[PDB]
Amino acid sequence: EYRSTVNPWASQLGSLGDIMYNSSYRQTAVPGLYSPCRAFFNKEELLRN
Amino acid sequence: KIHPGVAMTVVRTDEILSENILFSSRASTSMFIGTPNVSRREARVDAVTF
Amino acid sequence: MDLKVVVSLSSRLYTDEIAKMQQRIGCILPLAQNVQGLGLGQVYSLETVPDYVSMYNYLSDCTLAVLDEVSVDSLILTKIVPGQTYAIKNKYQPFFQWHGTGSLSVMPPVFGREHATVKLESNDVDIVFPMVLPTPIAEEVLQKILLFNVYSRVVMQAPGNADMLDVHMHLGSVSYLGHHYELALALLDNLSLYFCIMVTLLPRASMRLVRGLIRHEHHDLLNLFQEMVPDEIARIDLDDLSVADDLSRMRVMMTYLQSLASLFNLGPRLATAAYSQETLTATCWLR
Amino acid sequence: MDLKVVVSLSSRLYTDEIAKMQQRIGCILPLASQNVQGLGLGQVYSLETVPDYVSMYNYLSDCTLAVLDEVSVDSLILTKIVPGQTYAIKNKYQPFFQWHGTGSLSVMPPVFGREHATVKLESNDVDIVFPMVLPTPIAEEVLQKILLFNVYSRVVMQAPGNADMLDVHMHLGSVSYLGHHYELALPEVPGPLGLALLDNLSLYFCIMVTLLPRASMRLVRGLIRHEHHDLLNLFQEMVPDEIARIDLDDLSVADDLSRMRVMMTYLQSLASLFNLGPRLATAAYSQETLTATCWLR
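Protein chains in written order, with PDB author numbering: chain S, 1235 to 1283; chain l, 1037 to 1086; chain 7, 1 to 32, 38 to 190, 200 to 301; chain 6, 1 to 33, 38 to 301.
The set of hints was computed from the structure by calculation and includes no laboratory data. Treat the hints with care, as some may be off.
Here are the simulated DSS-like pairs of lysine-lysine, each with C-alpha atoms no more than 27 angstroms apart in a straight line [said to hold, decoys possible]:
1) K84 (chain 6) to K20 (chain 6)
2) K149 (chain 7) to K84 (chain 7)
3) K94 (chain 6) to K84 (chain 7)
4) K96 (chain 6) to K124 (chain 6)
5) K94 (chain 6) to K20 (chain 6)
6) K20 (chain 7) to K124 (chain 7)
7) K124 (chain 7) to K1277 (chain S)
8) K84 (chain 6) to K84 (chain 7)
9) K96 (chain 7) to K20 (chain 7)
Please model the complete structure; the sequences and the hints are all you need to start from.
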């Protein structure tokens, strides 16, 4: 509670760490392969919780 | 509105939804009615159709 | 024999799901049971582009099925044997025609993706029914969409060559058996590209094959009569190219001509016998 | 619907052949209609003629097929292929083809050598060679490769500077498969009916070359002028003389409809010429016992 984010290149809404792993920007991705950060950056399951 | 030198006769068809009275005499036809057959078509595990 | 297949839905459903199965009871869907892979719902997922050749080769890979009933959790449907005849309705978002056509086609809906895709928010299965349409209607709409996307990509390259009004006067209006229908608008892009490379490889391949088979029958009536017709502008430039690039051209040429010949053949080829207008149904067997 | 069709022999099938015939149970065999000759493929593929793979393909496509189920001594039974029935076929063929995707299976003559699908019958003066079963796309590329060799052996021989005859024998080479490459048998002379098939194909090719759609020429010229697509890699950023000289004219809407209409009917005719030989649509192939359940497509 004394800082905002440890890194700002993945925590904001349009960050590099977001656009690598969000569901809205993987619309040209290969659907088969697995990515572990999809359990963190994905908008639907972050909002499912 | 000058009348030209030729006369015309319009032809149009008018489709009419009518009602028809049907008659028959006494003992016109002879209905040979047989006993119906039953065949289980769908042998479903929820409800069976015959 | 019960040809019926049972599928259990995952969760509970609601009202307009019943309304949209009552809309789509008559129309049909392919097969792989497993509630995810029921039909074309693994190709129309938007994380990949909905392509035509992958969906078409899947549709020719799997069998077909008639949806029959949807209860609170069950999906009662029967599949297609080549043996006995089943009853088919239209129930399609284009409502085209059945005037006694003895040959049918089953193609994925090029007129609308969302026109045949039915969606449920509780169940993400996004199932979809490929458009059943008669064979002259099928060939006319596939021509009038393939040449349309060819013209669209050519205008995107150079707009000064092709226009839109004179092509919407003709290539947007299919007309078959007195009925004049209207249609206008990735998958057709790549399908056109396969045809684009096949029709540009067909000249060199054609002159190479007629130069190989030109003097087999040393005085033939038929061979000379097929040699007298084609283009004098075409048969010059063959011997300049190396061997391996030539045979790679012919190999890719043969693969995609076999692919596009089987693709221009209408895939799942149904056949109807007697169509009832007042019930909007016909009897069909697989052919 | 009868299936149990016995084929009566005339001599004693000895125990050196009973073992390898019981080894080949669940395979596919073509029928004549039995008599001891004409039941198989050795009646049309003998050692005296060239292996042409078209006349034997014609015998496979003209007459029906049959599953081998039991081989007794002095007689063996066969089970026909009537449509509407689900036939279970084991993969008992020496060039193995794994049916992962379970596509439409497809009959073929033994183009991968006579020696793997032959059986030596010394009871009667007859040899029986088994047809090859494999999925559809491998079968179609085998067809295109054997016709390409049958048309190109003669024209590589026809050059006076034949410094490379062996170029096509490795360029064509094996069949194109990921897990393993499988070399095949290559005949020098295509024979009569192979040349008749190439003659009909040349008929169709020169008829469809009279109508080319000019619209795709503009698109491929643009894709040359744009970035080099990986499907364009066969051109290596080159405009040949023919595509440069068929584009002096304009692009309209008049020719394109009749062009694509006759291309529809001629490509459907070419599919009918490439719907060649009886095929088997496959559903529910169980890999753990290697049985592909098929009905006659």
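Going through the hints against the structure:
1. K84 (chain 6) to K20 (chain 6): Judged against 27 angstroms, a Cα distance of about 21 angstroms means the pair holds.
2. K149 (chain 7) to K84 (chain 7): Roughly 32 angstroms separates the two Cα atoms, so the pair is violated.
3. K94 (chain 6) to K84 (chain 7): Holds, at roughly 25 angstroms.
4. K96 (chain 6) to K124 (chain 6): Since the Cα atoms of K96 (chain 6) and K124 (chain 6) sit roughly 17 angstroms apart, the hinted pair holds (cutoff 27 angstroms).
5. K94 (chain 6) to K20 (chain 6): holds (15 angstroms)
6. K20 (chain 7) to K124 (chain 7): Holds - the C-alpha atoms of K124 (chain 7) and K20 (chain 7) are around 9 angstroms apart, at most 27 angstroms.
7. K124 (chain 7) to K1277 (chain S): Between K124 (chain 7) and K1277 (chain S) the Cα gap is close to 20 angstroms, so the pair holds against 27 angstroms.
8. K84 (chain 6) to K84 (chain 7): holds (25 angstroms)
9. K96 (chain 7) to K20 (chain 7): holds (10 angstroms)
Checked against the numbered hints above, the structure violates only hint 2.
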